[PDB]
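Enquirer: Assemble the complex: chain A is given as a structure, and chain A' with the ligands must be docked to it using the hints.
Number of protein chains: 2
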Amino acid sequence: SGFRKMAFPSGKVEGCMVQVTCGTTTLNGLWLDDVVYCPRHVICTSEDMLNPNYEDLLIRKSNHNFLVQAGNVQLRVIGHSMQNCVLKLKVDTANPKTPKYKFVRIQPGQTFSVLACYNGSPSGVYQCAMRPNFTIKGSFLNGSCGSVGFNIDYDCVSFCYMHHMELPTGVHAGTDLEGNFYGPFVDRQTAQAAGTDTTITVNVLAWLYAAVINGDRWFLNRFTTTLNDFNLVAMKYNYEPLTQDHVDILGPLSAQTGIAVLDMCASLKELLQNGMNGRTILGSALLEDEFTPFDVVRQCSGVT
Amino acid sequence: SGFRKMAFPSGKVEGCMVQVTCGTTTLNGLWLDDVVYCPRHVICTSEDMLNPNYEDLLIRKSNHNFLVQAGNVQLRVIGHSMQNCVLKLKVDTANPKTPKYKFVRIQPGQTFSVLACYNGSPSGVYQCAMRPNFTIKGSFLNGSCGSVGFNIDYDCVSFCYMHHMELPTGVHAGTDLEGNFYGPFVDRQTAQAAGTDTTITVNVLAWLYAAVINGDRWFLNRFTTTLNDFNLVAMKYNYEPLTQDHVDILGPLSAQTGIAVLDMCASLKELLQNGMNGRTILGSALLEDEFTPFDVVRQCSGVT
Ligand SMILES: O=C(Nc1nncn1-c1ccccc1)[C@@H]1COc2ccc(Cl)cc21
Ligand SMILES: O=C(Nc1nncn1-c1ccccc1)[C@@H]1COc2ccc(Cl)cc21
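In order, the protein sequence lines correspond to chains A and A'. A prime marks a further copy of an entry chain.
Residues 1 to 304 (the authors' numbering) are what the first sequence spells out, left to right.
Residues 1 to 304 (the authors' numbering) are what the second sequence spells out, left to right.
Pulled out of the complex, with its shape left as it was, chain A reads as follows:
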């Protein structure tokens, strides 16, 4: 037992990280087959970022202006194209370490691992969730752009995120691997404010089930509630509305613990109204919302 914020093993993604340099700007790229994917803002100078016209800036660039380095070896660029906010650099060598992969666009509330990189080299790995305001709360310094978010299904890596920027508020924004930003964010150095960061209710419930599976049961109460009554309390506390789909998703956790989803909702309702009273749940003094029901089942079963 024990419950930890766990990331997927990162080896498969480490084998794909490369350094992309254009002019004086250096960031990370993801090398899959004979294509290197990187944020398009690699072609900008800090002076361009204020109001960049990427199509115009790109006309000034040729295959030889994009320097791609994997380890200490230089890859030859034989083509370049812009797809939304990402650049695809066709190289002459297929990545020999290319894992089985997919490009997916995740929904808010979904979690993923981030392999934070600098100059194409891995720095660390941590677990994130796509917030309901389409930002992530990462750990990203200057040069981390191009680091990716991913999930693993046995041996297939699903790439879901590519890091592009930090907003003035310190939160992070980026795209899926087709270059489309999550949320209303643009790759421009301009006033961009995030919307309300609500709590991912279904994930809090999944984490409450993980706590009961791990022996932390103090919060379990004698009450029950309805989806409508629960959602009235949830909206008041900036919690996402809970749907019958979320109740269904929690089904296996409800089955394993013998605690009906609506009973767990009433326990959570009392936690919101009464607070934690100086107590902890799985060593946390706040309600954790960055474990999906799938992450909870996965960790408590030992999927490899």
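If you are wondering where the hints come from, they were derived from the structure by calculation, not from laboratory data.
Heads up, a few of these hints could be off.
Copies of one chain are not kept apart here, so a pair can be met inside one copy or by any two copies together.
Straight-line C-alpha distance at most 25 Å; calculated DMTMM-like pairs for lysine to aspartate or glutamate [to be verified]: (1) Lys102 to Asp155; (2) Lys137 to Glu290; (3) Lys97 to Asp153; (4) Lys97 to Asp33; (5) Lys90 to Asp33; (6) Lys102 to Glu14; (7) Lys100 to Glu14; (8) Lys97 to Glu14; (9) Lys97 to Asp155; (10) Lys102 to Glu178.
Expert: For chain A' with the ligands alone, kept in the frame of chain A given last:
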């Protein structure tokens, strides 16, 4: 910016994970060069665990009774020996993916990454700290034994921990890579209670410096304190005593932020006495103690 509980990239350690089976027991092994390291309790039946005599149980085992599998290929065992609580299985093939490595024995308060494995396959990676009572608060299910804790210095992996067991209290115990347990624990299914789990004070301070570097400054106060006055408060709150060595270690963080260590100690003193008052620091409602000053500097500088 942003501050996350970050583990080291795990690829280098994934390339070393193997499955070791003896009789009906299957656990994980670490394959470095032509040696596979695993917990010695692999030779026990659940019935033996109550009071095992490892030297006697080992006499009944031969090289061919230890089945080592790396991926889907079987390694040939040409020798076996017991070193403290670990078995070293000499195989006929050196691990081609052996990274540069060291075996280190860490001190309490030190952090490390865990690559949780099942049947020699990686399940996930998370960040731990060796508690001052020599336990770890991991996420380990049956079969996770043999999973290792490690740190990375550029390209050299320092293996510091091998998982062996869970105590009745749900906390975890294990050895360094020479088979010596951290703490007073024995690899036996017997009543083993951990001592006081105190907070790692120097790590809390390092995390308070990480918060100031990341903009969370609400807790900074107008006061200062002395090591003796601070330690009187710290002992009352089950915090580890702070030494001049810890003040020295925090030196670079103090230099970067312009906040003297003793001023940060007075801020922490007030947090202990007055509480958080419903507030958060780096999104946490409790004081985090599982980032060393080195982890803070590393994350805030982007070491790869
Ligand atoms: O945000 C950016 N990079 C970054 N990535 N993670 C954190 N930060 C960062 C670190 C420190 C301070 C500020 C930001 C770059 C710089 O300014 C822009 C403007 C637009 C874009 Cl698309 C990208 C960027
Ligand atoms: O603790 C053990 N394994 C394990 N590793 N992580 C968590 N657990 C675990 C999971 C569920 C329940 C209880 C334990 C084994 C089983 O019992 C013993 C007795 C002695 C030793 Cl040295 C090892 C073990």
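Enquirer: Take the hints in turn and mark each one as holding or not.
Expert: Each hint, compared with the structure:
In the homo-oligomer, the alpha carbons of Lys102 and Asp155 lie at most 25 Å apart inside one protomer (11 Å), although the nearest pairing across protomers, at 29 Å, exceeds that limit. Both within a single protomer and between protomers do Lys137 and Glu290 lie at most 25 Å apart by alpha-carbon distance, with minima of 10 Å and 19 Å respectively. In this assembly of identical chains, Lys97 and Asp153 lie within 25 Å of each other by CA distance both inside one copy and across copies; the values are 17 Å within and 23 Å between. For the identical chains of this complex, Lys97 and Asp33 are neighbours both inside a copy (9 Å) and across copies (22 Å), given an alpha-carbon limit of 25 Å.
Taking identical chains as interchangeable, the C-alpha atoms of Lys90 and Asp33 lie at most 25 Å apart only when both belong to the same chain, with a minimum of 9 Å there against 37 Å between chains. In this assembly of identical chains, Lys102 and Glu14 lie within 25 Å of each other by CA distance both inside one copy and across copies; the values are 16 Å within and 22 Å between. Taking the closest pair of Cα atoms, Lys100 and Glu14 come within 25 Å of each other both inside a single copy (14 Å) and across two copies (17 Å). Taking CA atoms no more than 25 Å apart as the test, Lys97 paired with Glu14 passes in both settings, with 9 Å inside one copy and 14 Å between copies.
Proximity of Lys97 and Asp155 under a CA criterion of 25 Å is satisfied in both settings, with 13 Å inside one chain copy and 18 Å between copies. Taking identical chains as interchangeable, the C-alpha atoms of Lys102 and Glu178 lie at most 25 Å apart only when both belong to the same chain, with a minimum of 11 Å there against 41 Å between chains.
In terms of the numbered hints stated before, the structure departs from none.
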